[PDB]
Amino acid sequence: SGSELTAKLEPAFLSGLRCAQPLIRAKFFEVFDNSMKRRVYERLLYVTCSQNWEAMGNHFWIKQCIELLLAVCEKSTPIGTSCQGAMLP
Amino acid sequence: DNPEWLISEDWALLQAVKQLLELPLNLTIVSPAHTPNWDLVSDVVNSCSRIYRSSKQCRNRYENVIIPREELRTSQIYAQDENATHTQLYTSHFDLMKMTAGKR
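Quick mapping for you: the protein sequence lines, in order, are chains D and A. Residue numbering for the first sequence follows PDB author numbering, starting at 2413 and increasing by one per position. Take the second sequence: its letters are residues 2365 to 2435, 2444 to 2476, numbered as in PDB author numbering.
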């Protein structure tokens, strides 16, 4: 961690994040998720400032932004809505 | 580079690099996401340039002239010129257009 090697392998890591094989993509996102704190502002700052997205190539890396920010959301809360007028009673 | 660079072009180049890219004089990366974009710089310069300056030409000019000059500064030359050179450029173009109109 922090070696020149991890700096040199960034294109490979970004290939893992955009991988078409979901198990690889999940393992790489799990590494990616823990690299920053579970906070909205810090992750928005990450995607604006820290991540060079050039190595993604032609990939629509907004997918990774969605994945990164939605990870902040609370997971154990029961599913629900504000749309009480649309709910089946 | 075949037409000479006006002080207004150099000033637009320097200000584009400083204001828009928010990069320092030596283009050292401050944030990894913020790599230099010489296409944007070429677009800014060409808004007021006397001829199309490519992004490669803008990069070469910046690195080979403005970096040594900032290390009279481009701001000092721009202030001292008082738009005279660029005015004389347009005067010359107006004279050539009047010459062409008269030749009809």
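Any given hint could turn out to be false.
[Said to hold, decoys possible] Which residues of chain A face chain D? A partial, calculated answer using Cβ under 10 Å: (1) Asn-2390; (2) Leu-2391; (3) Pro-2396.
[To be verified] Quick partial rundown of chain D residues pointing at chain A, CB under 7 Å, derived from the structure: (4) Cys-2461; (5) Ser-2462; (6) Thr-2493; (7) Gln-2496.
[Claimed, not checked] Chain A is nowhere near these chain D residues, computed Cβ spacing over 12 Å in every case: (8) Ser-2413; (9) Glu-2422; (10) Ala-2424; (11) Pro-2434; (12) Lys-2439; (13) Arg-2451; (14) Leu-2457; (15) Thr-2460; (16) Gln-2463; (17) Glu-2479; (18) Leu-2482; (19) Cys-2485; (20) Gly-2492; (21) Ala-2498.
Honestly, the hints are just simulated from the structure, not real lab data. The beta-carbon is built from N, C-alpha and C at its ideal position, and this holds for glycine as well.
So, going through the hints one by one against the coordinates:
With a least beta-carbon distance of about 19 Å to chain D, the hint placing A:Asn-2390 at the interface is violated under the 10 Å criterion. Because the closest C-beta pair between A:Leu-2391 and chain D is about 15 Å apart, greater than 10 Å, the hint is violated. A hinted interface residue such as A:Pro-2396 counts as satisfied when its beta carbon comes closer than 10 Å to some beta carbon of chain D; here the least separation is about 5 Å, so the hint holds. The restraint placing D:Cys-2461 at the interface with chain A holds, with a minimum CB-CB distance near 4 Å, inside the 7 Å limit.
Contact between D:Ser-2462 and chain A, as hinted, is supported at the beta carbon level, the nearest pair being about 6 Å apart and thus within 7 Å. This hint is violated: D:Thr-2493 has a C-beta 35 Å from the nearest C-beta of chain A, more than the 7 Å allowed. Nearest Cβ of chain A to the Cβ of D:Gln-2496: about 41 Å, over the 7 Å cut. The hint is violated. For D:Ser-2413, the condition that its CB be more than 12 Å from all CB atoms of chain A holds, with the nearest at approximately 17 Å.
Remark: the non-interface label on D:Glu-2422 conflicts with the geometry, its nearest Cβ contact in chain A lying 9 Å away (cut-off 12 Å). Distance check on D:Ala-2424: its Cβ is at least 17 Å (rounded) from any Cβ of chain A, clearing the 12 Å threshold; non-interface status holds. The Cβ of D:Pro-2434 lies farther than 12 Å from every Cβ of chain A, with a closest approach of about 27 Å, so its non-interface assignment holds. Every beta carbon of chain A lies more than 12 Å from that of D:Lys-2439, the smallest distance being close to 23 Å; the non-interface claim holds.
A cut-off of 12 Å between C-beta atoms confirms that D:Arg-2451 is not in contact with chain A; the least separation is 18 Å. For D:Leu-2457, the requirement that its beta carbon stay farther than 12 Å from each beta carbon of chain A is not met, with the minimum near 10 Å. Its beta-carbon lying about 6 Å from the closest one in chain A, D:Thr-2460 breaks the requirement of being farther than 12 Å from that chain. Not every CB of chain A is more than 12 Å from the CB of D:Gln-2463 (nearest about 6 Å), against its label as outside the interface.
The beta carbon of D:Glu-2479 sits about 18 Å from the closest Cβ of chain A, which is more than 12 Å, so the claim that it is off the interface holds. Taking the minimum C-beta to C-beta distance to chain A, about 21 Å, the non-interface status of D:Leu-2482 holds against the 12 Å cut. Look at D:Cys-2485: its CB is around 24 Å from the nearest CB on chain A, clear of 12 Å, so calling it non-interface holds up. The claim that D:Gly-2492 is not at the interface with chain A holds, since no C-beta of that chain comes within 12 Å of its own (minimum 36 Å).
Remark: the non-interface label on D:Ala-2498 is consistent with the geometry, its nearest Cβ contact in chain A lying 40 Å away (cut-off 12 Å).
Violated hints, listed in ascending order, are 1, 2, 6, 7, 9, 14, 15 and 16; each of the other numbered hints is respected by the structure.
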